[PDB]
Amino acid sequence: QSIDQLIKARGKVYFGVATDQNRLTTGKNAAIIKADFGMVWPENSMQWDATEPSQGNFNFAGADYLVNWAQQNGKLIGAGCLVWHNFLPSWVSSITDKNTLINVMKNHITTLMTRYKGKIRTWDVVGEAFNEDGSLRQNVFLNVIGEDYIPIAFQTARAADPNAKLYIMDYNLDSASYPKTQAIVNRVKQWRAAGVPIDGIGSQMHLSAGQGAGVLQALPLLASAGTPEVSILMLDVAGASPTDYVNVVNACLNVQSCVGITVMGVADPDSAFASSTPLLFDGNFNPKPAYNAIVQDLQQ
């Protein structure tokens, strides 16, 4: 069965996957995504380097491919990330004037979001803002602009596409006793009391074995920030067993603001961690034991 249709039949929005043109035009990837997943994200093609490799010279070919594929095939779209240190060309990372960086960021956000206006459910606006101790990461935006870059990033995004759900996302938020988990809850609470339009917190989970158990208490904590939504992105898992998967699913089922779960990849070989077998379909396609468990957990 389709784990997307089954999660919707439980009152959730989607079960999604991260993909891109280079994965769709070969093999069985497109057929499996068509059958089993209701939302696609672009792995690489909407990051900054692929979209704006020089100032004001935008590049949308791959982004256009994915968006148009989603609409022809009945799939929702997520998109990002807009403001983070990964995939950040050096022409941006060498800027020093506060005004220069603000305008380039604003134009970047507004150029990408308006090209697809009304067609993207979720936008990852700010990613990987926090260090492990809860303080902010010393990327170029923080050092130069000050911690007001996060408010500017969200207030600019809302103007460009008010229909989009705007998220902040980070990793290592999978335990409620971590300092980074508590910090983001606290800082997202304050930001929202100041009017910063944060609509979702998206928890990137690279899970080892047994780590899924702690997500049952971490996810309700992320919900206490008062964002209308939270989501989960399960990056890695190869080390993990099916019981870690099931604890993540049950975590989303028992948190009423959790809207969906995205997995980073179809089939094992095409993962950055392919050798720990972290996904859901093996090298020959065909479902892994985990897959049947999710179906089982989500059934009747």
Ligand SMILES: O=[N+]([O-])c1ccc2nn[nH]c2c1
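For clarity, a rigid core is taken as the largest C-alpha set superposing within 1.5 Å between two forms. Residue numbers count along the first chain shown, from 1. Compared with the form solved in complex with 6-nitrobenzotriazole:
- With the rigid core aligned between these two forms, only one of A50, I32, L253, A238 has a CA shift of 2 Å or more: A238.
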Second form
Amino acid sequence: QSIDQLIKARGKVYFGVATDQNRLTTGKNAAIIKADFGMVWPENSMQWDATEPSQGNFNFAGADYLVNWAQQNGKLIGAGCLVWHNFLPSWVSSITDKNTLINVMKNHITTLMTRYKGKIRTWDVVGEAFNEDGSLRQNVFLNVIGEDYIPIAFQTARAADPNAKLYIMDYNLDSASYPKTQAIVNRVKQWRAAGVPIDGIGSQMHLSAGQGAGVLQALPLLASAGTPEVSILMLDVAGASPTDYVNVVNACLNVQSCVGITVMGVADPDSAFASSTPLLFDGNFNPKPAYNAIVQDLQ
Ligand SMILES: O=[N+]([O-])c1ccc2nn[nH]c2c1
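In place of the form solved without 6-nitrobenzotriazole, the structure of the form solved in complex with 6-nitrobenzotriazole is requested.
Time for the whole complex; same chain goes first.
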């Protein structure tokens, strides 16, 4: 049974997965994505180090492969991350002039979003912008541009492709009492009050065992910021307990504005955390107990 087909029948948009060319051409990834998933994100091929390895000079081959495969197979596309501290080339990190970094960041956003204009359902525009205490993370953008970098990124993105849903995403938003969870909500409210076009908050749910239960309180807290959408991103759970995975899926079902769920990969050996067996398919590409538990929960 297809978890994407089932979640759509419950009124959600998709069950998605991160992938890229050389997963699509190996294992049983393409077959499983075709049957069971409704949306794909490039895991790496849209990040800054992959797409703009030197200033103004873009590399599209990998991202084009993913986008084309998705279109050929009738899948929605999410992509990102346009602005975050991960996967950031040293040429960007070196920049000290505010105007220069604003131009660099806007060129990066506009070039990527223009190439794929109208093809991308969801763009993760800003990622990992918060410290664990809820203050803004002192990455190169904050240090050089200041906190306006976030409004500028979103306004630039909206102009480049008005059709895309624009998200901010972060991790450790899994507990409703944690300061980071509270802070992203409070700041997204403020930005949206200033007219900043933040359509979504995405929660990067890289979970430890037993953390599914807390998401039942954290996800509605995230939704209280008033964005039209929220999403679950990068989902994996150490041990892949059915209870953890079902709690996450039910949090999605409970939150009206939660459009869907993206898992970090298909099969355990292809996880960055393979020892923790944290995905829904095993190393022979067979569905695990958590996959079947989600099926039953959604039926
Ligand atoms: O949900 N995802 O797995 C995922 C993976 C990589 C990303 N880059 N930007 N947004 C992403 C979402």
